[PDB]
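Peer 1: This is what each chain is made of:
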Amino acid sequence: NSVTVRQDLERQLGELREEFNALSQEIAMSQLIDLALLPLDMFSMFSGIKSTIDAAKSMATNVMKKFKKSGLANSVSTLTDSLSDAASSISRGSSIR
Amino acid sequence: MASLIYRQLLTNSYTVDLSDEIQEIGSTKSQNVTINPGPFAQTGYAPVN
Amino acid sequence: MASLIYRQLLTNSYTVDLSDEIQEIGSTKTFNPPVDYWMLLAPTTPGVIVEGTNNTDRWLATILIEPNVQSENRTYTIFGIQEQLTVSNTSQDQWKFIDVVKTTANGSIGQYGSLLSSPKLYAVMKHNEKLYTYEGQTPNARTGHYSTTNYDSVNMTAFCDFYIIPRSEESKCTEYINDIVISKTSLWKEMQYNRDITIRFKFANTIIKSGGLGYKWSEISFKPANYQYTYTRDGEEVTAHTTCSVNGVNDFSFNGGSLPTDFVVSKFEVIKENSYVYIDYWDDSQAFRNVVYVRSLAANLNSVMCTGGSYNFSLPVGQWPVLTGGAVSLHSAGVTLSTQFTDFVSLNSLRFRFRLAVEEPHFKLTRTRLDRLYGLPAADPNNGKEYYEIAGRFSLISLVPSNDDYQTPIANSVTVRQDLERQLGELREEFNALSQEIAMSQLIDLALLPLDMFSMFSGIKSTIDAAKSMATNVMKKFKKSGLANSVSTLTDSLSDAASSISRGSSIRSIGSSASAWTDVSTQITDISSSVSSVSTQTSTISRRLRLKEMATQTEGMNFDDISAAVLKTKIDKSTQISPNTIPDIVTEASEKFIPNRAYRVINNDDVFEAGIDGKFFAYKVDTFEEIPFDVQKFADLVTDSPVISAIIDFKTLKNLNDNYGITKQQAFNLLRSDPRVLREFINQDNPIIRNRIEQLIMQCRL
Amino acid sequence: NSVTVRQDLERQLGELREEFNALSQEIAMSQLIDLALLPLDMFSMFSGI
Amino acid sequence: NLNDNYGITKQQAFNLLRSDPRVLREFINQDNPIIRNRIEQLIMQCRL
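Sequence lines, in order, name chains Z, W, D, G and S.
Residue numbers for the first sequence follow this note's numbering, beginning at 1 and rising by one.
Residue numbers for the second sequence follow this note's numbering, beginning at 1001 and rising by one.
Residue numbers for the third sequence follow this note's numbering, beginning at 2001 and rising by one.
Residue numbers for the fourth sequence follow this note's numbering, beginning at 3001 and rising by one.
Residue numbers for the fifth sequence follow this note's numbering, beginning at 4001 and rising by one.
Errors might be hidden in some of the hints.
[Claimed, not checked] Derived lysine to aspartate or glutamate pairs resembling EDC-like cross-links, with alpha carbons at most 16 Å apart:
#1 D:2573 with D:2429
#2 D:2476 with D:2622
#3 W:1029 with D:2584
#4 Z:68 with D:2024
#5 D:2461 with W:1017
#6 Z:68 with W:1020
#7 D:2620 with D:2572
#8 Z:65 with D:2622
#9 Z:65 with W:1017
#10 Z:65 with W:1020
#11 D:2184 with D:2572
#12 Z:69 with W:1024
#13 D:2651 with D:2630
#14 Z:50 with W:1017
#15 D:2172 with D:2371
#16 Z:68 with W:1024
#17 Z:69 with D:2465
#18 Z:57 with W:1020
#19 S:4010 with S:4026
#20 W:1029 with D:2024
Source of the hints: derived by calculation from the structure; they are not laboratory data.
Start from the sequences, fold in the hints, and give me the full structure.
Peer 2: Put into structure tokens, the structure is as follows:
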């Protein structure tokens, strides 16, 4: 029997990037590479975050949504497409050097 | 490390768009919602005249 | 490369079960009907809605009986005649629906058979040369049989619109009792359709009294509505249809007591932040005609702060029970496609779904112990206002089969479905082509980068997203063909061989040692006309290793990597394919390829080669055609070591060694299948290796 | 008062654990080795059922 | 305990990697050595 569920307005991305860099100036090094040689599980990458209420699931699905629209996603897609086009036939025979 | 991480976070675009269609068609197929008043009767003085 | 690619394809079968059960749960889907069908009736008002008879010798219809009514002789025109029906009704919740049993034209009616159902659902049609109608209460769909004269000509006569439904869905009917895609870059063109659209909502409601003094109310609910509107957009007076629908509705029951003076409604419907609204368009513009094949479809819309007005309740004694107020906020989130049948004009349309949110004002019931409700109720939401307008843009990047001629614009849509298509058999020849002019070193390069099915299934540019649940249903369907069953047999044989020290290890045939990788291969096959006994053992060892290993592990580049690379080359240059046409091509390319190719394993300066053609080769670098085969020795040392794919077979390596020279490093990297040296020899001087790779890629026949 | 049900399936899993023990008592000894190089993935380890 | 049976310096090298199935299974299949008892008790200890 509520009027409006208060959607939490989220802090703007530029400030976010600023405290993220301020956090990056705080991390450690040796156990960082100790973390860095261990192939983690896409499971613990998003496991212990927040409130476990259909939301780690939703956030995982949303980050999956947003990843395929990134510059690396279409970059690898077009790299594969270009290689497959070169291997398909003589499509780009010789245009310039 | 991130080889399998950034591998999998990209390979399962099929999972994510299948999840999109799954949740959409599920929303289409949602059923009715009913509440029970609870263990409490409701009455009064009916024949007002 | 593609070893793990086909392994990923086979691994991700855990989605087709869910992505198909959701299809099951979301794809459940006077008018005298013909034979071999079904008929379901959902009456609106309690009374006479549907009748039926063979109008010659035997009359069988069914009449609802209002509860809280004793044995009363009604005055209803049963078959147009006021027949005597004196039946009581002492039930409370589950109603009665009694079959009238009338003999002649002006015949008398006896009482036998009553149908009990709460949600107002019934189904009646003849079955198996006789009238097989559902009987009983809700829990079980028990049917009854009624014999007539001239069975196949009983005239069902309803008074409302109901279901056309066939007979063979008896399971579906009992459970009731209880998209065309051709997408390709070759000859298909996108068009800009960004038309600002305005739509107007409208609501209809279902109110159903309970037979009595008016203090009992049965069903006040929404119901779909449809009006029209004309829009003065860009100087075009465009007419448009629209419909409404609701889902996830909330149920409220305002029960005041038991005695018939109590203002009791058995249930009430009310909309809150769990529901949605769906609409459709029937416009006059070309963009309407161009919604048959949609690439991308997005539409931002304005919000309307819709409200509800005063409502109605007519009670005999006392003042009027006044229900007031209604409020919800409309927020479109999601745009889909649909159809609509209005006057047998059922064609395409588009659907808008909205998110909803309530407002502050209370919605009050007078002289009722209920107040400060939230959510726009279902009594009289239209406030007398004629329409609920929503404005905003609407994007459409739809794509029609434009001809190769750029000067020719396609501006229509031919029919409901294009039902010709093309069969896989003829597709086989156009995949039998395009294998002649592929590449010489570039396809080998494509056989190295992991072609993960994201990059595999991203450049296709299809109009839907069900391509990949299908791309795993393809391996669910190799059960019909010979890969999925082959993997299952491998695993089961190695398992029951790992559990049977009683008879499963001694009753099976011989190999080199106690291994399922040797004896399972040689169990029973037709003997080839001219081969040796050791040749059969080598061939079977070869077949099981070639098929199973291509998806498990290997050294260097494998033949399935070439298969995947050429498969991508064909699909990218296909120029004739449909989204629902690769579900066969990927199958009969992952299987019907690899006809006869050998592998090798190196043993401390000794390697053998054997493939599925009846030929074997025992030879280790440093001049060839050496000491002959040793079947059990090689069998054990290949069971015990990971296998190396022999892209260079005995003849090719002999030719390249004897004719144009070789070095120890190059030979080593060749016969351990190092793709570097293979492609460097290919790219350098057009060797016999090039003939071999070309004839190998034509071996990818179909 | 008719909503108190708490435990489930222990009565079956407990009695079948010893059945799996008893059958695994007589397991093979070499074919376990060559059924270890196999990537018994979900398409396989849930296919011999 | 095995080194009573020689298996030296290359089967030792791979068996110290503990994981070469070729060397392990070749010891398994012919020498009837202690290792079958070791792996049998491995099976019997995951047994309960």
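Peer 1: Now, for every hint given, state plainly whether the structure supports it.
Peer 2: Okay, the hints, checked on the actual structure:
no. : hint               : result
1   : D:2573 with D:2429 : holds (14 Å)
2   : D:2476 with D:2622 : violated (46 Å)
3   : W:1029 with D:2584 : violated (31 Å)
4   : Z:68 with D:2024   : violated (29 Å)
5   : D:2461 with W:1017 : holds (14 Å)
6   : Z:68 with W:1020   : holds (14 Å)
7   : D:2620 with D:2572 : violated (40 Å)
8   : Z:65 with D:2622   : violated (56 Å)
9   : Z:65 with W:1017   : holds (8 Å)
10  : Z:65 with W:1020   : holds (9 Å)
11  : D:2184 with D:2572 : holds (10 Å)
12  : Z:69 with W:1024   : violated (20 Å)
13  : D:2651 with D:2630 : violated (20 Å)
14  : Z:50 with W:1017   : violated (24 Å)
15  : D:2172 with D:2371 : violated (43 Å)
16  : Z:68 with W:1024   : violated (19 Å)
17  : Z:69 with D:2465   : holds (15 Å)
18  : Z:57 with W:1020   : holds (13 Å)
19  : S:4010 with S:4026 : holds (13 Å)
20  : W:1029 with D:2024 : holds (11 Å)
Hints 2, 3, 4, 7, 8, 12, 13, 14, 15 and 16, counting from the list given before, are not met by this structure.
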